[PDB]
Amino acid sequence: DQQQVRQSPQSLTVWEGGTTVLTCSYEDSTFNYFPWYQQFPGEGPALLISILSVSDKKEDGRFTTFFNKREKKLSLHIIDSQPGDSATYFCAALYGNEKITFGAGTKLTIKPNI
Amino acid sequence: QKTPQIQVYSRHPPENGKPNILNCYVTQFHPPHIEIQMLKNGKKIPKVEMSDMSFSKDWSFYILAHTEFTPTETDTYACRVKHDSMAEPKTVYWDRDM
Amino acid sequence: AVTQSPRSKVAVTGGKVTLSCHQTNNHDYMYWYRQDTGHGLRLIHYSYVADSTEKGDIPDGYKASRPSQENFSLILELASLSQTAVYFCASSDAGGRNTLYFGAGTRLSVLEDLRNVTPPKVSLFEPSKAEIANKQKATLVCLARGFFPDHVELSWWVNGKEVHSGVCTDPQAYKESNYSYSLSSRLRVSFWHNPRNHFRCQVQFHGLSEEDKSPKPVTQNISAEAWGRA
Amino acid sequence: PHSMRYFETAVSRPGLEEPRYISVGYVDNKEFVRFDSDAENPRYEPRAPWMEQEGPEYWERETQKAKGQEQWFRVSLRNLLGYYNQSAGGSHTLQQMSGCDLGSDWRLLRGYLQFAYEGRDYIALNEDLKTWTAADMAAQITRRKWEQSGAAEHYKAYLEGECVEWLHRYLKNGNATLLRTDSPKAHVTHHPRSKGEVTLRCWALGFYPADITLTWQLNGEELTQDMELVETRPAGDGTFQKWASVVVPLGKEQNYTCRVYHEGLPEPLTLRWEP
Amino acid sequence: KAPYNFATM
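Protein chains in written order, with the entry's author numbering: chain G, 7 to 120; chain B, 2 to 99; chain H, 1 to 190, 193 to 215, 220 to 236; chain A, 2 to 276; chain C, 1 to 9.
Careful: at least some of the hints might be erroneous.
[Said to hold, decoys possible] Distance condition first, Cα-Cα at most 16 Å in a straight line; then the derived EDC-like pairs of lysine to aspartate or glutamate:
(1) G/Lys105 with G/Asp34
(2) A/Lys173 with A/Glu41
(3) A/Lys68 with G/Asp91
(4) B/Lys3 with A/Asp29
(5) H/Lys137 with H/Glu153
(6) H/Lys55 with G/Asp91
(7) B/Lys58 with A/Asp102
(8) G/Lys105 with H/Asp57
(9) G/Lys79 with G/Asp91
(10) G/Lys105 with A/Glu61
(11) H/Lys55 with H/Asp36
(12) G/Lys117 with H/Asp170
(13) A/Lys31 with B/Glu69
(14) B/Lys58 with A/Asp29
(15) B/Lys58 with A/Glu41
(16) B/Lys3 with A/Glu119
(17) G/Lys113 with H/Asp36
(18) G/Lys117 with G/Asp91
(19) B/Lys58 with A/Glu32
(20) A/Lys68 with H/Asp150
(21) B/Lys41 with B/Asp59
(22) G/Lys63 with A/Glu32
(23) G/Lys79 with G/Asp34
(24) G/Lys105 with H/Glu54
(25) B/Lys83 with B/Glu36
(26) G/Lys64 with A/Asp122
(27) B/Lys41 with B/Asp96
(28) B/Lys58 with A/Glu154
(29) A/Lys68 with A/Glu32
Think of the hints as simulated: they come from the structure by calculation, not from any bench.
Kindly produce the complete structure, drawing on both the sequences and the hints.
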């Protein structure tokens, strides 16, 4: 039916040191707060970083999110991809104080140098 | 905890014998819980319409009570108000000159 | 802290299953979420105060219950095969945009019959003597294998307690056949030459309870151990 | 010189009942929406006729917003009991005023977000929309909690953005209705009051909006320190009423002139006593 | 539209 948050790809494997780019599209143009949740294997999801409509980028160190109201799409960029970063990354959106709506989540494996 | 201000007045200019509306206007009070009675000759007037609760920029609440009334050459009307801020109920009689 | 129980559960189609959650955040909002094979976080039921609960996006076949403010429970009256998934509890303060704090997870397998259920065969491999001389470190490998389904908790143990530092225990089980799973695990240490040190690979199989209807494989701890070879 | 304001109240009640939550929205000080938890079927409801424009989704989602606010105040009330170490079985009030002022250039003038507990100021967002003012020690707990969660960033985003975006929309939708004014009809009354003196009283009736000025003057000068003035009061039909009054000597009533200033008046009325 | 609060008091 209504894919309110569409996440791509589903699994993403990258060589340690690269930059990862996760992408996300939402349908409801009114959504104005987008948290990302990060899920290590066996652990529960935990809040990674978030951005409001009013901004274009938020960045905590290595992780950095890109909102774009017009094309109605959102994205996460991790810059020094270590294997610590291997987890399922969940894109979320909501309006106001409505309840959070998660994506299907992108599974990121950062393969280690050797 | 603010002590209510009361005004008792009619909607239309008062012509005894002719239908009208009597108003009790209670403002500058806090907390919101208040008891308002409209009296006809000392006696509680049965059906009294009330406005919805509202407050002012200073945080205090106000409210309009009213009922249909036909003034006469002698009947007294009044508004009686009970509220936490007053140790006893204040009563205010209608006065066509005000 | 958000803490669920049980951490794993096997059930027969038509059984009653009951997932529980506790939290000590003094939060009013609590949630039960469903994940399916690592993807998705679909809301089943939530609650913003006891003793009420509200419908989520996927309530069909599920019922919630909020006795305390601290506790929240999801209940399956007749478990179907389609309710095989992982479940997450969460909590959050009331108001908007407050962060969901999620529990660590509860795995649920629902099965036609309990025939293919099999506990693991636990192997302990002693560290390669090429590595002992070469880098001066001993990787004690442990392997759990031939179990079904993947509901196995593998801890290392030593002289009694466990360190948690040195363990490269696999994330995912491996599907070595259709009704057969497997799970590798490593331990990195030096200490090993000495034969006074005890070493143990314990694996806990989250199988059937005693309630549930041949070696009937219940919830069980099957381990394997070795002493120091100098 | 425009504005939006949403006024919100929660009242604790001892006994079985949860707190009552009422939210009233104002545009240019004119009530346009209301929500009340005690209503039979609680939802936001239009108040002016110009809001019937908005479609089901507007009401449905604003209604969902209210229900979240309701719980917010329920939890905030409880926490406040704890802070002031208050006993159970009390009735306590929590209040929020919130909104944006606007220039004729459609630009944010001032943002407002403030609270009161038991009719005393509790916490308010400062004019900068970044920092807080805490009235007492209990409020200082809240302030810290809100600094750690980064609340002000989010209120700011609503105020500068959504408040302003939406105030625009509403003024375009109800242009004909906020334009309305009603002229005061005024007259003077004569009340032989004491021995020697009388009371002259200048009424003004049938007028809207509420703002108005009445002045008595004796031969050029203004009589503010000897005048009685009553707070402006609603008739109940939509209009308003006010009167001002003076204590003069009998015979000399023609000396005194009342004056009435109002927006909808094309020129201020001047008035004198007639027999 | 109406404001919406975040953390409780």
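Consistency of the hints with the structure:
Proposed proximity of G/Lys105 and G/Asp34 is supported: the alpha carbons are some 13 Å apart, at most 16 Å. Of the pairs offered as hints, the one joining A/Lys173 and A/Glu41 is violated, with about 32 Å between alpha carbons and a cut-off of 16 Å exceeded. Straight-line distance between C-alpha atoms of A/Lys68 and G/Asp91 comes to about 38 Å, which puts the hinted pair past the 16 Å bound. With a CA separation close to 26 Å, the supplied pair B/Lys3 and A/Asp29 exceeds the 16 Å bound.
Among the hinted pairs, H/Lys137 with H/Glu153 is inconsistent with the structure: their alpha-carbon atoms are about 26 Å apart, more than 16 Å. Between the alpha carbons of H/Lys55 and G/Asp91 the distance comes to roughly 34 Å, so the proposed pair goes past 16 Å and is violated. For the proposed pair B/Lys58 and A/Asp102, the alpha carbon gap of about 14 Å is at most 16 Å, so the pair holds. Simply put, G/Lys105 and H/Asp57 have alpha-carbon atoms about 11 Å apart, close enough for the 16 Å limit, and the pair holds.
A distance of roughly 23 Å separates the Cα atoms of G/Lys79 and G/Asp91; the hinted pair therefore is violated under the 16 Å criterion. At roughly 14 Å between alpha-carbon atoms, G/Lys105 and A/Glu61 fall within 16 Å of each other, so this suggested pair holds. With a C-alpha separation of about 19 Å, the suggested pair H/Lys55 and H/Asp36 falls outside the 16 Å cut-off, and the hint is violated. The suggested pairing of G/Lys117 with H/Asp170 holds, with an alpha-carbon distance near 14 Å, which does not exceed 16 Å.
A threshold of 16 Å between alpha carbons decides the hint, and for A/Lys31 with B/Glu69 the separation of about 26 Å lies outside it, so the pair is violated. Straight-line distance between C-alpha atoms of B/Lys58 and A/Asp29 comes to about 14 Å, which keeps the hinted pair within the 16 Å bound. Taking the CA atoms of B/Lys58 and A/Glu41, the gap is about 28 Å. The hint is violated against a cut of 16 Å. A hinted pair counts as satisfied when its Cα atoms are at most 16 Å apart, and B/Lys3 with A/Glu119 qualifies at roughly 11 Å.
For the given pair, G/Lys113 sits about 13 Å from H/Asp36 by alpha-carbon distance, which is consistent with the 16 Å threshold. For the suggested pair G/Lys117 and G/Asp91, the alpha carbons sit about 10 Å apart, so the restraint of at most 16 Å is met. Between B/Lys58 and A/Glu32 the alpha-carbon distance is near 14 Å, which keeps this suggested pair within the 16 Å criterion. Restraint check for A/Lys68 and H/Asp150: not satisfied, since their Cα atoms lie roughly 42 Å apart, outside the 16 Å limit.
Between B/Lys41 and B/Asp59, the direct Cα distance comes to roughly 33 Å. Violation of the 16 Å bound is thereby established for this hinted pair. A C-alpha spacing of about 38 Å is found between G/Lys63 and A/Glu32, which places the hinted pair above 16 Å, so the restraint is violated. The straight-line distance between the Cα atoms of G/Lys79 and G/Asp34 is roughly 11 Å, inside the 16 Å bound, and the hint therefore holds. Straight-line distance between C-alpha atoms of G/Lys105 and H/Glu54 comes to about 13 Å, which keeps the hinted pair within the 16 Å bound.
With a C-alpha separation of about 5 Å, the suggested pairing of B/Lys83 with B/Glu36 holds against the 16 Å cut-off. About 34 Å separates the Cα atoms of G/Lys64 and A/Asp122, which puts this hinted pair outside 16 Å; it is violated. Between B/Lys41 and B/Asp96 the alpha-carbon distance is near 13 Å, which keeps this suggested pair within the 16 Å criterion. Straight-line distance between C-alpha atoms of B/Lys58 and A/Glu154 comes to about 25 Å, which puts the hinted pair past the 16 Å bound.
A threshold of 16 Å between alpha carbons decides the hint, and for A/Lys68 with A/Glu32 the separation of about 20 Å lies outside it, so the pair is violated.
Against the hints set out earlier in the document, violations occur for numbers 2, 3, 4, 5, 6, 9, 11, 13, 15, 20, 21, 22, 26, 28, 29.
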